[PDB]
Amino acid sequence: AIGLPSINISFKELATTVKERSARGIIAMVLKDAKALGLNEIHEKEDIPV
Amino acid sequence: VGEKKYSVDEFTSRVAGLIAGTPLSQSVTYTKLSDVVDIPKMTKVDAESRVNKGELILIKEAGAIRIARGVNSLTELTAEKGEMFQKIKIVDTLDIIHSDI
Amino acid sequence: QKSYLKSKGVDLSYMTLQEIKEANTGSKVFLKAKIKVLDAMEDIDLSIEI
Amino acid sequence: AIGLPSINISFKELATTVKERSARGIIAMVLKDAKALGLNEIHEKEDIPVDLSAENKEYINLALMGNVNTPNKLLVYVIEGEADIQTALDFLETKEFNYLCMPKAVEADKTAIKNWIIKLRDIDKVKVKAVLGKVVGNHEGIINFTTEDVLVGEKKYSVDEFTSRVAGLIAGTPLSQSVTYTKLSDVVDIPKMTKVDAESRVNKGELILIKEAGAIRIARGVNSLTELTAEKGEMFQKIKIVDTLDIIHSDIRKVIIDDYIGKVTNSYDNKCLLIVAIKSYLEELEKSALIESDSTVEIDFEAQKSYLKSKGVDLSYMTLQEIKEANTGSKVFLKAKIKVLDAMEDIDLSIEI
Amino acid sequence: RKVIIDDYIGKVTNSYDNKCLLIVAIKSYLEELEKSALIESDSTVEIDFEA
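Chains as they are written, first to last, in the deposited numbering: chain A, 2 to 51; chain B, 153 to 253; chain C, 305 to 354; chain D, 2 to 354; chain E, 254 to 304.
Simulated from the structure, these hints should not be mistaken for laboratory data. One or more hints might be untrue.
Cβ-Cβ distance ranges computed for the label pairs, FRET-style [unchecked claim]:
#: 1; chain 1: B; residue 1: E207; chain 2: D; residue 2: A216; range: 47 to 55 Å
#: 2; chain 1: D; residue 1: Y261; chain 2: B; residue 2: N224; range: 17 to 25 Å
#: 3; chain 1: B; residue 1: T195; chain 2: D; residue 2: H250; range: 21 to 29 Å
#: 4; chain 1: D; residue 1: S7; chain 2: B; residue 2: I171; range: 26 to 34 Å
#: 5; chain 1: D; residue 1: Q87; chain 2: A; residue 2: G4; range: 25 to 33 Å
#: 6; chain 1: C; residue 1: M319; chain 2: D; residue 2: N9; range: 25 to 33 Å
#: 7; chain 1: D; residue 1: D347; chain 2: A; residue 2: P6; range: 50 to 58 Å
#: 8; chain 1: D; residue 1: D301; chain 2: A; residue 2: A16; range: 31 to 39 Å
#: 9; chain 1: A; residue 1: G4; chain 2: B; residue 2: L185; range: 43 to 51 Å
#: 10; chain 1: B; residue 1: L185; chain 2: D; residue 2: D259; range: 51 to 59 Å
#: 11; chain 1: A; residue 1: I28; chain 2: D; residue 2: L152; range: 31 to 39 Å
#: 12; chain 1: E; residue 1: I258; chain 2: D; residue 2: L15; range: 25 to 33 Å
We treat Cβ as the ideally placed atom computed from N, Cα and C, and that holds for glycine.
When you get a sec, could you build the whole thing from the sequences and use the hints?
See the structure below:
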């Protein structure tokens, strides 16, 4: 199928590629409490549930 | 053209004169006509449809009104008839080669 | 040329390719050629990388 | 005779010429509705007849999307609610296809489809396959997929309905790749099932959907074959092997019928030429990495000896080489050996500290 | 395990060339770990003949 001629301009950014490995250095802690049941997702040291 | 309405048949004379005017080196694709000032408005997808039909139509793009990718009228492609036969420039140069030889 | 010679029933089995080419063919003349037709630029693709 | 002196110039453009064999990836979809009766010949995914039911349109949408590529061709048939099985089978016999499914089927419908497939693949020598919601067949051409309470698009999908998407996914993938561990982003929930009993289910010849690692992935797409006879192979109950064998069968049958039947005499030289052509086709198939190039084709000496002894002539005087060159009448006998490749599925790695 | 399950499962045919490519990939990963200086420099990975 013949299409009407056109000009196309593509903008792309070259990205350095490092294959992603299994994350190491993570900690999972389990505790029993009556508040905020389930996971708390404390990614940052500063933020703590009250 | 010139504060006047023209049918397609009447303007085919101007189209043929334009086609014959151009040299063999350059193609009629994307050539502007300063004489025409207005054409009924029509969407681009419809123009793609008509071009797919083999129909040669006048399109509006950029600053000036121009013909878009003049193609031969045939739409059915056989095994012997290649894709390149569908272009006006190719068939024209083949015809002149045939005549000269 | 081979087809035309065969159509007249000649025995071309033992003649060389060059011999077949040099063989007499009567009034008929057969030729072959190949050429490529150029075309004006229609579609342009340009990709720039940041 | 004589003509006027005539000179002509021929304008010809060379085109890429590749002999076109049986088309793969086609899906024959059959369903029942009161609107748009007959085949719907949906060549393109986007365009769908509007009068079709929304539910059946949604099932068509599942069929349309593919795991690797969109299926090359789709053929959707609509039949009246009564006598759902007769003319569907008639049209299937009429026109070639690869895969099939029944979103709405009764148990008798499933049994009829299975029996018809078993009859056809042997009597008609036509290789077809289909996907059914719940079967216990032992044939290679029948696929038993069974996963309960499939939840896709916040909708409760029964085991029989999702088989349309299963068939579309199977047909979408190319021959070289396999369906094992293929992730379906659309599927979001599956009833929990223990690993050992799911493995037992897979051992039953049954195809099930299982979850592991980050996504939901198919577990070793295999046929419904359960009992292994001496003649048939353990590798038969794999899908990819059956698919490539069917492709080879169809291509060779088409080539033979179109070219070598009734057009040339039966002699030793013609047999050699036919062997060379078959070997060339196998070499062509080799470059697609489907099979190995070590395959050889040769005259089956045992069959020729059986034919001659059936005739009753005494072959003691003739030399062993002469027997192969002996006249065989209308019959032609050939023998070949090949090896079918597969995708890597089991890997064992040991490291020494 | 993650690399193998993501890349080379059910997508590439079992053949000697594919096995060589897999060996190359594993050796490249081991070289990367060598750059991290966790393991020794010289490592050899090859197809097992006994099994």
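So, going through the hints one by one against the coordinates:
1. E207(B) x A216(D): 47 to 55 Å: Given range 47 to 55 Å: holds, Cβ gap about 49 Å.
2. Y261(D) x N224(B): 17 to 25 Å: violated (41 Å)
3. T195(B) x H250(D): 21 to 29 Å: Check failed, 50 Å falls outside 21 to 29 Å.
4. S7(D) x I171(B): 26 to 34 Å: holds (31 Å)
5. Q87(D) x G4(A): 25 to 33 Å: violated (46 Å)
6. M319(C) x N9(D): 25 to 33 Å: Check passed, 28 Å falls within 25 to 33 Å.
7. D347(D) x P6(A): 50 to 58 Å: holds (53 Å)
8. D301(D) x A16(A): 31 to 39 Å: violated (60 Å)
9. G4(A) x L185(B): 43 to 51 Å: With a Cβ separation near 22 Å, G4(A) and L185(B) fall outside 43 to 51 Å, so the hint is violated.
10. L185(B) x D259(D): 51 to 59 Å: Holds - the Cβ-Cβ distance for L185(B) and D259(D), about 54 Å, lies within 51 to 59 Å.
11. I28(A) x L152(D): 31 to 39 Å: For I28(A) and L152(D) the Cβ distance comes to about 33 Å; the hint holds.
12. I258(E) x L15(D): 25 to 33 Å: About 47 Å separates the Cβ atoms of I258(E) and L15(D), which means 25 to 33 Å is violated.
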